[PDB]
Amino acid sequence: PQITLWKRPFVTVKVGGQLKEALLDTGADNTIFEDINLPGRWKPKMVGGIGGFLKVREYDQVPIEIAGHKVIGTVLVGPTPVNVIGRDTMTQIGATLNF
């Protein structure tokens, strides 16, 4: 649908099998979740951080659905204050910014 920005743009997402709230974040390149149980095959990911490598897993072949749109994407699992839907998943979903 169509979202104004008075509230943070949290949306309900079905990721893998599970329902989570995630923020649509046009400033973020990737889609990251924390606190999650993906059944997928994951691979480790190298992400440089303060004090060394952050603990970050990558899941491909992830069913993602937001507002009826069902897609297969890539989800990073790592430390993040909220779940974020970055531009990688927004573009697969035809999301535009309007003004």
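Positions refer to the first chain, counted from 1. Between two forms, the rigid core is defined as the largest C-alpha subset superposing within 1.5 Å. What changes on going to the form deposited in another entry:
- When two forms of a protein are overlaid on their rigid core, residues whose CA moves 2 Å or more are considered shifted, and residue 49 is one of them between these two forms.
Got the form deposited in one PDB entry; could you also share the form deposited in another entry?
Here we give the lone chain, stripped of any partners or molecules.
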């Protein structure tokens, strides 16, 4: 797709085969969801945002699909106010910013 930015750029995303929504966020290094339930053990991880630093759960090698693109990546789960697709995943799907 080619999408403009008048509204928040949410996409449908299948993450661990569960159907969710998340914001394509070129300012996010990492991809983070609030309450998807991914199976298994996870690694503690820290992420930083406008307000400070949060402790999140890092789940490795998680399947993610966006726009027909099926990728394997790292997905954080933590108290983010909105689900975000970060640059890690966006480079895997060949996403670019254009103007």
